[PDB]
Structures are given as C-alpha cells and as structure tokens.
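Here is what each chain is made of, one letter per residue.
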Amino acid sequence: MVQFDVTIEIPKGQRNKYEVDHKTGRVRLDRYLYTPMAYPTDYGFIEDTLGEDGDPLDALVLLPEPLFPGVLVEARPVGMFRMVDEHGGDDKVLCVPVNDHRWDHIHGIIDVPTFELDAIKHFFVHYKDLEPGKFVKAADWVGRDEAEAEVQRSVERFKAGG
Amino acid sequence: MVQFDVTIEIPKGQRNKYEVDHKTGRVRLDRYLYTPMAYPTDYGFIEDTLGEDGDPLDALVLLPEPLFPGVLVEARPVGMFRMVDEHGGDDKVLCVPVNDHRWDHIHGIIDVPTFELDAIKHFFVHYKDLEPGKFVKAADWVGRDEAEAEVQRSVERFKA
Amino acid sequence: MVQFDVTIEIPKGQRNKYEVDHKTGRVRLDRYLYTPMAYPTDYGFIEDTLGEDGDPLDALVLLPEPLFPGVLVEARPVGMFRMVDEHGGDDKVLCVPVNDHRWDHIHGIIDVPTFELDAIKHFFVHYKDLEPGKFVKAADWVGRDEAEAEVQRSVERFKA
Amino acid sequence: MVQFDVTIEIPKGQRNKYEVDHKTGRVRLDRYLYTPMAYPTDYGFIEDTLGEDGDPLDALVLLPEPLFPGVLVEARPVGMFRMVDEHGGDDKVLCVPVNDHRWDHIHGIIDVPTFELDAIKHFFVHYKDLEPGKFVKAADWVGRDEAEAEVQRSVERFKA
Amino acid sequence: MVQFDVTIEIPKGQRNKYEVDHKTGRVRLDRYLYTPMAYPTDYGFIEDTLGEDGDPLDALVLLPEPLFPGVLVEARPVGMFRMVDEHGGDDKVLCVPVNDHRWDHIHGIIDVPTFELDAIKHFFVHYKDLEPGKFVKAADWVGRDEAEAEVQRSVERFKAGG
Amino acid sequence: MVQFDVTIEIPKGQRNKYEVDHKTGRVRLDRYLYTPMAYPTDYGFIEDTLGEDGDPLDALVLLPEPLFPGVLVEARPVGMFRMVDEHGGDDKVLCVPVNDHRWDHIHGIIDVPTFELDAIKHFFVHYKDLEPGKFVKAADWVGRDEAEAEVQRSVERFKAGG
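Chains as they are written, first to last, in this note's numbering: chain A, 669 to 830; chain B, 1133 to 1292; chain C, 1133 to 1292; chain D, 1133 to 1292; chain E, 669 to 830; chain F, 669 to 830.
Just so you know, not all the hints are guaranteed correct.
[To be verified] Each pair of labels, with its calculated beta carbon distance range:
#1 E/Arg770 x D/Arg1158: 37 to 43 angstroms
#2 E/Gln671 x A/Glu824: 47 to 53 angstroms
#3 F/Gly693 x E/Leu785: 33 to 39 angstroms
#4 C/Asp1187 x E/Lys805: 35 to 41 angstroms
[What the hints assert, rightly or not] BS3-like, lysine-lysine: derived pairs with alpha carbons at most 25 angstroms apart:
#5 C/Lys1149 x E/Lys796
#6 A/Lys691 x A/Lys827
#7 A/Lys796 x B/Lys1149
#8 B/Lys1253 x A/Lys802
#9 E/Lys680 x F/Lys680
Please keep in mind that the hints were generated in silico from the structure rather than gathered at the bench. Don't be surprised by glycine CBs; every beta carbon is placed ideally from N, CA and C.
With the sequences and hints as input, model every part of the structure.
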C-alpha cells in the first residue's frame, strides 16, 4: 500500500491561497482568489516529491474537518486530477488519511462520489477565471494506478535531483 | 433619494441557499450549492415589492460583515444585476446601507470596483453549473437610474 | 415516499441546547451542555406531529453544513434512534434532505456508516452524564419502516 | 428570587449592532460599529418591561457561549450598569442564567470579577467615540438591590 | 513560583487531534476524534520535560480564548489530572498563564470550579470510547504540590536523557 | 517601488496578542487584551528591519481576509501610524499587498478612507486603557514618503547591527 506525508497549505473552505516556499519552509500568502469560490478540499503537496515543473507533487486530501497551513497528514492515493493550464500540465493527487477505518471503503477513484469529484473539478476549472492570461484547456480524473505511477515518477525525480 | 427595507436571506460567504417562504415568513433551506462557491454579498429581497415573476425583487447588499437570515437592513440602490437563466429574466438590485457615511461615496454603479462587480457576476453565472437543466445565458450590470425604475415598477406591481 | 418538514433547533457542532417553545414559536436557550460534547447532527422536530409525550417528534438531519435555529428543511426518514432516560422513552427520526441526488443512495439505516450511527448514539448516551438525576439506560437504532410507522402514529396523534 | 426572560439582540463578540423593532418583532441591523470594538456580553432586553424612555429595559447576560439574535434566555439580575450619553440616562441590567449551578456562586455585583465589569464599562464608554454628536459623560455600576428596584419600576411602567 | 513554557498542540473546541513530532518540530494530524466531543481546554506539552513514557509532560492550559497549534504560552501549574489507560499511567498538568492578574486568584486545584474539572475529566474518560482496544481504568485530580513534584521529576528526566 | 516581506503575528479580528520571539522564531502568546477591542488589521513586522527600540519595524497590512500567525505577505508601504506610549515612540507602517490590482488605486495615505485610519488610530489609542502604567500621549498618521524614510532607516539599522 503506497502512503506518504502531505503538508497542507490551504484548508478546505478558504479563499486565501497560501503556499509553502520550498527553499525556506515559510508559509506565504500567494493571493486572495479573485473569484467567489473556496478550496473544495484541504490542499497541499507530497513531501519528498518533485514534479516535472520543479515543485513537489500537489495533493488534495479528503477530511472530515479542515486543518491549518503547515500541518502534516499521513495519506494514501485514491486517484488524480489532471489539468492543462497556462503553465502546461498540472496534476493533483487525491488522497485519504491512512490508518482510519472511516476511509477504508475508499480504495480508488471509482469509490469517490461523483458529485464530489465534479465539485473539485469545477473549482480548478474556474477559480482563475478572472485572472488575465490564465486559462484551463483540459481537466479530467484518473484512478489510483495512474496516481501511484505519477507519485513514483516524482519520488524518482526527487531522488535524481539530489 | 430612493430607499427601502431589505430582508436578508443568505449571508455573504455561505454555501447554504436559504429562502424566505413569502406565504408564511419562515426561513427554509432551498439547497446546499453543488458548486464550490459562496455567496459574494449578503443576499435577500426588498420588502413590499413584487417582481415580474410574482416574488419580491431580489437585492444584493454590500456590507462590511455578513448578517443573519431574516434580518432587516435599510438600504439604497446603486445599480442592478440582470441575468437570463432557465426561468427567463432575473434582476437583483445592488444596494448599500443608508445613513452610513462609510458608503456615502458610492452613488452609482461606476463607484463600485470592477473587480467586485465581476466577482458577483461570476457567482451568478456559475453557481448552478452542476445542476442538470439549469443554465445562465446572459448577465450584465445597469446603473442606478435603471435600478430605481425597476424598484418603482415592482412597488406599484405590489400595490396593484 | 414519506416526507415532511423539519424545524431545526440546534445546529450540528453546537454546545448550546436551544429549544422551540411550541406555544409561542420562540427559540429559547434550554441550557449550555455540562459535558465537553457537541450535537452530532442538526437537531430539531417534525412539524405537525405529536409524540407520545405531547411534544412534536424529534428529528436528526444529516446535512453537509449546519443550519440556523428556526430554519425549515424538507426531509425524508431513513431510520430512528430510540432511547430510555429519566423521562422514559424517546425517539428521534434520522432524516436526509429530499430531492437532493447527493443523498439518493441513502435509502435506509443500513446505508448510514456505522461510525456515524455510533457517534450519534454516543452523544445521546453521554451528553447528560454530568446532570444529577439524569441518565440514559438504553439506546438503539431501528430502520426506515419503523421510523415511518412512528411518524404516521405521530401525525394521527397530532390530528386527534 | 427575581427572574425574567431576556431576548438577545446582539451576541457577544459581534461588531454588528442589531436591534429588535418592538412594534413588529423584526430584527434589524442598526449599524456596524465605527470603532474596532466588540460587544463584551450578550446584549438584549427584558421582555414585558418599559424603561423611562419608552423602550424595554436593556439587559447584559453573562454566558459561556454567545447566542443568536432573537433567542430567549431566562435570567436573574446581579447588578446594573448605568450611563449618561447624548440621549440622557441609560440603564442595563447585568444578568446570569437561572437554574444553572455554574452561576449559583454569583449572587450580586461583588461576585463579578472587576476586570470583567471594567471591560463592559470600557465598551459602553468608547464604542460610539467615532460618531459625531454621540458621547458618554458618566458610567458606573450599582448592585442587585438597585437592579431589582429598576426592574420592578419598569414592569409596573409596562403594566400602566 | 514554578513556571514553564507550554507549546499548544490542540486549541479548545477542536475535534482534530494534532501532535507535535518531537524529533522534527512538525505539527501532524494524529486523527479526527471518533466521538462527538471537543477538547475542553487548550492542550499541549511542557517544553524541556520528559515523562516516564518518553514524551514531554502533557499540559492543559485554561485560557479565555483558544490559541493556534504550535504557539508557546508561559504558564504555571495549579493541579494535575491523572489517568490510567491502555498504555498505563498518563498525567496532564493543569496550568494558567503567568503574569496575568485575571488568573491571580487561582493558586491551586481547590480554586478551580468543580464543574470545569468534571468536564475536563469527562472528556478524557470518554473521548476514545469508540476506538477499539482503548480504555480508561482510572482518572482523578491532584493538587498543585503533586503537579510541581511531577514537573520536577520530568525536568530531571529531561536532563538525565541528555 | 519600495516593497518588503511582512510576517503576520496577529490576524485582524483577534483579541489574542501573539508575538514572534525574534531570537527563536517561535510564536508566543503575549496576552489576551484586557479591553473589548479586536485588532483592526492584520498586524506584524517587516522582516530584515530594526527599529530604534531593538525590534523589527511593526507593520499593519490591509487585506480582504485575515491570515494566520507566522504567514509571510509581500507588501508595499502607503503611510505610517506614529504614537508615543510608556516606552516612548512607536511607529507602525501601513501596507497593502503587492502585485494585486485590487489595491493599485491606493498609492498613499491620502487614498485610504478616513474612517479606516480613524478606526485603526482608536484601537492603538485605547487597547491598553485597562493595563496599569500603560498610556498613550500622542498618535497621528504620516504619508508614504515618511513611511519609506523610516523603512530605509530600519533597513540601515538592521545592516549596521550585523
């Protein structure tokens, strides 16, 4: 069973887009969203990963209640949101907390209610609609096998980068 | 100097869509939104008006902090949001609290920052995107003169 | 397809125990809980029912976000919590909002996760532990058929 | 053992100043405070009283957690805050919830910590500092005997 | 007058059980409680202490309003909650902030209202009721002298461990 | 255009007075306010500055929604609140976030609504009214040029201190 640590940057329900500066460890405000939308899940990144674009792999964590920026949660992948925007491809691994029987019945993307996947998709498709020169050309969901393959590639890129 | 009472149905920042039952006065949950969006202003209706569709005229109230459902606020119009959806036309009057010097500089639609008007528009254009059979085909803003003309039509329509 | 209106008294997550005075319609603070616990669901009563004890039938409503005291929500029964305390028997109907596809998979008590039923039970078993003379001697769950039978008895008891 | 019902208008910690319209029962937004201050207690009025100025007698209720506007709480007086502002005299009865052992040690004004009385005073002395034409010239505390005498005058004034 | 620094892990009113990883300094989500209960006080640990079980001594801090995970508060002990669970004995020192006249009248456990002690006891007796293989065999309160003796033992264990 | 990093200590709306210990980086509770007031803006300090009194220069940041203690925001100065209290002079630089068109129209103190400046002044004039031996003798506002001059002096003092 693949599992890993996710650092939360943005609690569910927030309109402030926080980001961890990976050089310093500091939490920074990127910006307050320009749209009347709020993050649909807790949002952050997988520790010890490196995506194709130089930053760690993004993670979305399903949780009963929001966390605080900077908090670590041990999690396991169930699928992956993929999108194409102004900086090209962007993937976000969808995760649930490990060692919690309340999530035991969610083994893969097929187990996650469609209305929840659709809400998360809608957020990422629209949240930058009022930001000039930002766009989304494509967005879809893939399952746990493909999420794990991407996690593995990013773990490999992390190790190769030093 | 047009002014009126607004009953708030939905506080700013809420994802629960409350509505007042106008035949009982009860506050009901209509639905929880299917989209990850939140009401961009306090939202409700103008007391003693009747729109083209039989409900009181909707109102959006700019405020420093959100209210509670059922609360009355005396307000004045600065403009009007108009849209066309699955039910046809819909107007929502944009308002600011009266006799509050902090809003005295806002006389009309040109005085409301574009980024704020664009955010309000974005909410109404997209908030029903995930509801089968619902849609928004057009949405725009008109000024205070047009808003007051609509309020006046709605007030007379109430009287008749 | 049994459905009814629920008036919410107490939002999920609250430690203030509000109650509606059924002779006036006012919302009153009963008490702040003496235990470090919070209501596990939105909590209220079914409009136009009368229980065995003279009050409307209590209802627990599963919702994505809590409501406000006094708010009406149209709901359908999926099961019923039963308990015995210092006043004798008490039933609370477990409900989900109607005409909301997000709840369409929940048809009966077997469809509600055990961990959620256990949490609701734990609240009612313990929330009065620190009140002299109050106690809970037994608590259990029954299914949708039993819940609808109790709603029907309560509706007729209201009519009579 | 004097006790009465208090309707809460403004929850503790709020910067929105709500008021009940006593001729309709509606809750209205009076104003958002112009000062960076927040109500130090739950704030409202005593039902079935009439002050010297024609409004019900104001009440401050000490509670572990704030309520919602319009909520009723059965309370007992422990003292009274008095002030003089632009409208002349104003009294606010300081109260604690009845039949709650957690407040049984609070019998009168001497039982309320000085730091808490000083904070409440500071709020009423300063909350209108940034409103032209408004002022507070004097403010003080009196004990439970004086509070009950004022409640009694207000109750009779209501009856007459 | 004994005083010390408490790092808060869990704000009063929360149902998320956060914990500081003492090796790394990171705040982690342990778990969301399985019971409909919420922490009755701000909850954390005494810096520079070591309990018998290898972790710093736990602290409960009485405060007018909750803090954030990771925040330091200078505090003084007024008593100690003692319990016996599945890992044996567990003590939690009850504290108030120092240099604050609003707490000056609380010198010991006898000064703390009984209903508040009973609520805190009820939380620790019941909060793991729905977690299999977790239990509580005993729970009680002792006073300031005994709290200070335990604080001193833990300070001593801290120093002996390195 | 002068810009700098502000670390937030106290979110707008709070009555807990948090402070960063500049030696350790830890966020500490200083105290809960004794007055029924709440911070009128997000409040903190400018990184890499040193005031005359030995601490970094204080900053007030205008924001649509409050942040969390410890969060960095890149900001630009629009004016400065000056006051004289029990420790003598104290200045707080008023700032807006950079690279955000929603604040583009605020170039200086003259652009900030008077009612907002008056509310911020009232807070600092009164928030210590119930703390014995604390007082305020003077308080006023100066504009962006004078804010930038003070920022520059504090940057210079920072560099001279090591």
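Taking the hints in turn, this is what the structure says about them:
no.	hint	in the structure
1	E/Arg770 x D/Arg1158: 37 to 43 angstroms	39 angstroms, holds
2	E/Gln671 x A/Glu824: 47 to 53 angstroms	51 angstroms, holds
3	F/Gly693 x E/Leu785: 33 to 39 angstroms	36 angstroms, holds
4	C/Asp1187 x E/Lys805: 35 to 41 angstroms	40 angstroms, holds
5	C/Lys1149 x E/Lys796	24 angstroms, holds
6	A/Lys691 x A/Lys827	17 angstroms, holds
7	A/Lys796 x B/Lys1149	24 angstroms, holds
8	B/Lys1253 x A/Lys802	18 angstroms, holds
9	E/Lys680 x F/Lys680	20 angstroms, holds
In terms of the numbered hints stated before, the structure departs from none.
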